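Trainee: So you can see what is in the structure, the chains are spelled out below.
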Amino acid sequence: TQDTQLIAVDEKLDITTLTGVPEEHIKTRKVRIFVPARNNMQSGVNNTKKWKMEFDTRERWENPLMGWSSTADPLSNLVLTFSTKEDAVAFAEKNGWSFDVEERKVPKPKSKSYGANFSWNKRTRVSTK
Amino acid sequence: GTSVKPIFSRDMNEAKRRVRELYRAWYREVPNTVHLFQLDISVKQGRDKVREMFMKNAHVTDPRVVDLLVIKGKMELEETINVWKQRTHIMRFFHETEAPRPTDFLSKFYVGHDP
Amino acid sequence: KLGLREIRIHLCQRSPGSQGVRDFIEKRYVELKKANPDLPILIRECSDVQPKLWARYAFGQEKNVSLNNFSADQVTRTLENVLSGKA
Amino acid sequence: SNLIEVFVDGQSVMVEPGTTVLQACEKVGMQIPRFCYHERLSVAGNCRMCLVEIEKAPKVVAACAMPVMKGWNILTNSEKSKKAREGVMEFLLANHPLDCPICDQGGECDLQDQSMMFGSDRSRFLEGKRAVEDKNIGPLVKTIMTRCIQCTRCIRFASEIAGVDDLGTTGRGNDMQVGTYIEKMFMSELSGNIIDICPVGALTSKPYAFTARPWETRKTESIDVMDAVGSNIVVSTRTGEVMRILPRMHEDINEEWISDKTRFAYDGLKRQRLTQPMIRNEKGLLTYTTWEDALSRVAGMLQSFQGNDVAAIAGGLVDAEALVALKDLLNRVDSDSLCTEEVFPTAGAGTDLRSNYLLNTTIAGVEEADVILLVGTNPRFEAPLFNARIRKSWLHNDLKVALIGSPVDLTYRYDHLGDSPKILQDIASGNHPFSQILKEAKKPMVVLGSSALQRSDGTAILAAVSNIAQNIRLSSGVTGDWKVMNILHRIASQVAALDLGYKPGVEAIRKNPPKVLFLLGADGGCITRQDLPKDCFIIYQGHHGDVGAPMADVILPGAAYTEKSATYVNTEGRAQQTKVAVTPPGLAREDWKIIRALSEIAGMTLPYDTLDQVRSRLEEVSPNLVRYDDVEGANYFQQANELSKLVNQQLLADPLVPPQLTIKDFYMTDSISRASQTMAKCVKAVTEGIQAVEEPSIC
Amino acid sequence: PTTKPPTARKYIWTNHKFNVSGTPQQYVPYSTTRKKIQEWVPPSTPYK
Amino acid sequence: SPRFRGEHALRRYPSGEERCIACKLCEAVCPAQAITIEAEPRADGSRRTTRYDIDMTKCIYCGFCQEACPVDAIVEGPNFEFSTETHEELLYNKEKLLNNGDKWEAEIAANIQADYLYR
Amino acid sequence: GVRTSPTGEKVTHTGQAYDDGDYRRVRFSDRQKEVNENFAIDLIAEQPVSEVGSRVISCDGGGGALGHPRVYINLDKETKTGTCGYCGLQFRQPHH
Amino acid sequence: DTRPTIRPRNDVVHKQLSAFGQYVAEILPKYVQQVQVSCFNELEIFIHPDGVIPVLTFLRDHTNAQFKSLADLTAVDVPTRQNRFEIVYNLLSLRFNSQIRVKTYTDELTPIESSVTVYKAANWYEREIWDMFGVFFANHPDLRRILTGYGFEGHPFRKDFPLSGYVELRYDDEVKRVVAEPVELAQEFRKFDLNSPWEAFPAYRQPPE
Ligand code: SF4
Ligand code: SF4
Ligand code: SF4
Ligand code: SF4
Ligand code: FES
Ligand SMILES: [K+]
Ligand SMILES: [Zn+2]
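Residue numbers (the deposited numbering), protein chains in the order written: chain 1Q, 5 to 133; chain 1W, 14 to 128; chain 1S, 12 to 98; chain 1G, 6 to 704; chain 1q, 98 to 145; chain 1I, 58 to 176; chain 1R, 1 to 96; chain 1C, 6 to 214.
Fair warning: there could be bad hints in the mix.
[To be verified] Quick list of in silico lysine-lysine cross-link-like pairs, BS3-like style, CA-CA up to 27 angstroms:
1) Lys-75 (chain 1G) <-> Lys-112 (chain 1Q)
2) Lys-116 (chain 1Q) <-> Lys-75 (chain 1G)
3) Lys-112 (chain 1Q) <-> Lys-54 (chain 1Q)
4) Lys-447 (chain 1G) <-> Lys-397 (chain 1G)
5) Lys-224 (chain 1G) <-> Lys-109 (chain 1Q)
Note that these hints are calculated values from the structure, not bench results.
Make a model of the complete structure from these sequences and hints.
Mentor: This is the structure we're talking about:
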């Protein structure tokens, strides 16, 4: 139905040599994927709804001039977004970075009722509003 | 899934063929690019760099990837042949100003935090 | 010296492939430790592990022996042969 | 079952009866803007930003506290709902002072974000605003009460979570002020969390006060090591420097809270630190030097002495990877005195069984327990997050908590059985009435802390508690799967060490004194130079050299828990990973890399070279210490009970007193805490009185 | 300025300076911050 | 024109106190990221900058910082006559910015007085 | 106030002063360490404490729109002087 | 009027463009996958890659379509989707003045047939994509690198590629030439954490799962 001289190719993609990443950056660097935990200073939620990948932090020395934050690894302030973790891990393997996986932690739904603020015998009765 | 579309080569044999005359062209090129570009490289130490770069991507086994390396080397060949490239870019493969990098774990520990 | 210094057992939690060793330490372990109180029989139980046994003797050499589907008497023997060889 | 169908602006969802409206909306993904309702706190319906329009309903209802009913399409985006939000925020944002450039909440203010999303773009407030005088409530929380919105989150946190009911409201009307009336001293172990519950910059972090606008700091996840709880945290680092530590949500370890000790401990990293190797000069002073001669000296006199003459005492904040590396390095010379500061009775099963030294029922398991026995511990300071869990289960699940030992105040109304350890065996006998409770409780609970084990007769206490657990276990009241034995630790890197087979305590060194003692993070000072024989090569690794470092021959600087990428273990056995936030200062490297390089220089090279290989080797040692963020099911308790049960070691009559008895000593525990200055500031705040640490919060 | 007196204030310079670049009165950049993580001072008492 | 964008400078209040409260808005605004601030609770308390440096060689002279400033602390003076000889001479410091604001001050005050109504 | 370092360098208002060894002082030889004398720490202290008699006082920093955003400080605490966070003028009740 | 700030809404152009979208969808059902018109009256056609030449020709040649101007040609790398790269063709009509957009998808390796013949302006644009995203184009007349420096590597606009690149160049007297060196910044790019954690537009909310 889509005849274009199709060929079964079982082994996974090795686009590594195509990407141009240097050997030690494609080998030594370890990237982890995760859902970023929300800033506890905020109650907003729509920042833990994506799968972001980031790389291990490297040396950060202070230059002699003003004590700036000169670094050497270019892939330090590089974070990639992904809808589902499967896409992220596929990208990681096909690129060739050693990857680490953390499962999407989500808040457990707790039973909440205002009638618990008052009680006849339960300890849950509040003492101030 | 497993089924995919080729670029030119059908099987490892024909891509293996394409890298063959790519190395052909690089061999016949190296001496007269040394002559034309006034290279400080020598002929033998010109050829072995080509050989080592060809051996660098030894692990590749996907066909389409092999067509990609061969066409990129083709672009490299055009860039070199008609003097669009410059002598500095030709030297770029040879790492002169780049200081030698240690390999053993002990030297890595001595230098600084790095895997 | 070469006598064994600690004996480590890695048994799966529930999978039947590690069932036998689980029975072993269930009944044939308390008196085993009573026999050699000095000797560290470590049981680093975990999940989805093939039942495996490490034996560290001295100078940092370790011996590997699997216990895949080993019966209680069989794991008893595969411990006794190692323990008897106090060297 | 009972799931009732409820629409939200159209599409319908299945909702448990009794669920609030806002939770029903969250089931789909759209979120009510709120300021008064926190998911793990009581509801108050106070901010009135939770107002939303019910379809065919005259007046808007508050989604924070509204039991949803049949049908009830929640018109989240209705025009009336938008108007209600607009008006409620206009009221909220009238007396709010013009401090956004000067307030640390700037950029992550919540109020600012709601104004951006659901709010006006112009102010019609033509009158003067209201100003409230500041009330100082510590050197730990900056207080600008003119910015407050009276969302009452701080008060409810003080009442339920912390339990210290001192934070309240005063007055009425627009002049209502939330504070402490009296210039009181809010110094609970969970006070710092109020910084993260206050939506506005009314309460902030004094140590971090205006150090970085939070839109710059990169956030890196890691694990707290100040406590054996191993609370998940996030290090906020800008420009290669640690600014602050925030709690991460886990729901099994720390909810979303951390102790003040965990929170305000970064300043210890900036104080006294070890960066360059040092060796004793001709006069006996540690002078700075290159690495080469340091590893050369270590290699030479490690090569000279073999056998038991070489030792190593792992400290409290060490890493599991360097634990494995050091144990393997010391094994190649057959040295088998791998000791650690915290002592665990090795009589009987000892470290051989995971059930012996573990919070077997996990932290979450305490949320369904019925009765809990505390064997002479101070969990308010031994493990603040664990005590917070106990408090929440006491509040909601009417837990009946009792303890034996020191009469330390523990937020809730603990049932003080006594102080004498003799009561313990009476509980085993059953003559004590509390025994019946353990029989009657369907999920009974006994936990004995590591500090109470430290004492002098730890074997007797452990045997008595194990006998109690066995006595109640034979009863059918406890289910087959419900664990009973529980051991709570304090040192973060203890269980992991005990998992690796390190001999607990330091008694092995005292038995036959060594010569090449390898102090690895050891800072308790249990073993001093006097105990050791003459000419001992005390080698102190680590970061915060304050006790071990003065008594040393060669100093090997190490990496702190925010600089390495190693793993730790909580008191329940779950093995978590700490990622690298900032590079180690100066020339100090990681703790396992230095050990492996030392071994390679000395000749007995270890096989592993990068982090993945050392993790694989540690997997070879123990297969639970690689499996991350999941409690490895620990069992085989009964055979451990029948294993010890041989010695008597009659219990001393000394009352159980945990080393930490009052909030003043909760702060000054580890090397990191001692290095910190804010720790000293809060310690002196607690010691003398209220009027000693007032830091101006307006600027 | 004779007809429009600039508003005088204490912190204004009383002497204009041309660009001092080149001459040894030029400006040199330098970190205007305090120190980062501070070193641990070794003890002075003998080893024993 | 009074709107001319030139050398950056840090002004100060009539009392002599520097206007910068280190809100770091200008740092979050500069498209070239030429601005760097480190803040601190001062001895008096007012949150002034321990470090405030503008990399003039990175700066593209847009005037975004001044319009971002909520206290009109950072501004761009009318001076354009600061062609230097060394690259380090261009990299300004907090003290250099304060000196710029103390040298070109009547200029900046007069220009702001003639332009604040437009902006 | 500006004070000299033990080496001789002029300390800054932030407290920066290169130490004895401190190899990064060759930058200042044949040049000068540019320091501003008009210290903001002390140039705000000598300003008089305003004695305006009301409970809550507005402050824009002078100059109206040219000043800082209008903040309402509270002249309530009898034991200290209220001050605007932006400018720094100390406001106090006229001894009640 | 009542809405002086909100942009004017032109529904007539919207309906007319939707009619032409149904037209073009019916004409070429072989390659067309999904046609939709945006709120601001801009129609986009999502076609299968094999239709790069046919559909464009139908848009370039048909009497009732009459699009002969290649406004621009662009790729938009997005690593999430299975075929990361998506190519956008922008066409403008003269007889029936309007802007149409056709969008196709390809991964790093699967080649996408080169238009060139349909629009000889595409050529240089075409090269850019190959030199900027790695998307090789089948039988393109000269697919040499166009924009980046000589002997370059990678394809910079790929979202995985770092902002600062990998290697700079500078004078070296030891070899008396400009040399390429691995990256070592004097001051690292500070990556600010924007995008506040509060939902902005309820209309475009992603459905749950
Ligand atoms: S807390 Fe108040 S002053 Fe601070 S940013 Fe929020 S609204 Fe502005
Ligand atoms: S002080 Fe903060 S937490 Fe307490 S009521 Fe006011 S805004 Fe809420
Ligand atoms: S004009 Fe000012 S704010 Fe804009 S880039 Fe230059 S220094 Fe930064
Ligand atoms: S915007 Fe103005 S007040 Fe804020 S940091 Fe920059 S110069 Fe200072
Ligand atoms: S949620 Fe409705 S007021 Fe707090
Ligand atoms: K807050
Ligand atoms: Zn003011």
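Trainee: Does each hint hold? Answer for all of them.
Mentor: Right, here's what the structure says about each hint:
no.	hint	verdict
1	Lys-75 (chain 1G) <-> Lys-112 (chain 1Q)	holds, 24 angstroms
2	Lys-116 (chain 1Q) <-> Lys-75 (chain 1G)	holds, 18 angstroms
3	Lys-112 (chain 1Q) <-> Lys-54 (chain 1Q)	holds, 18 angstroms
4	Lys-447 (chain 1G) <-> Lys-397 (chain 1G)	holds, 19 angstroms
5	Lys-224 (chain 1G) <-> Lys-109 (chain 1Q)	holds, 17 angstroms
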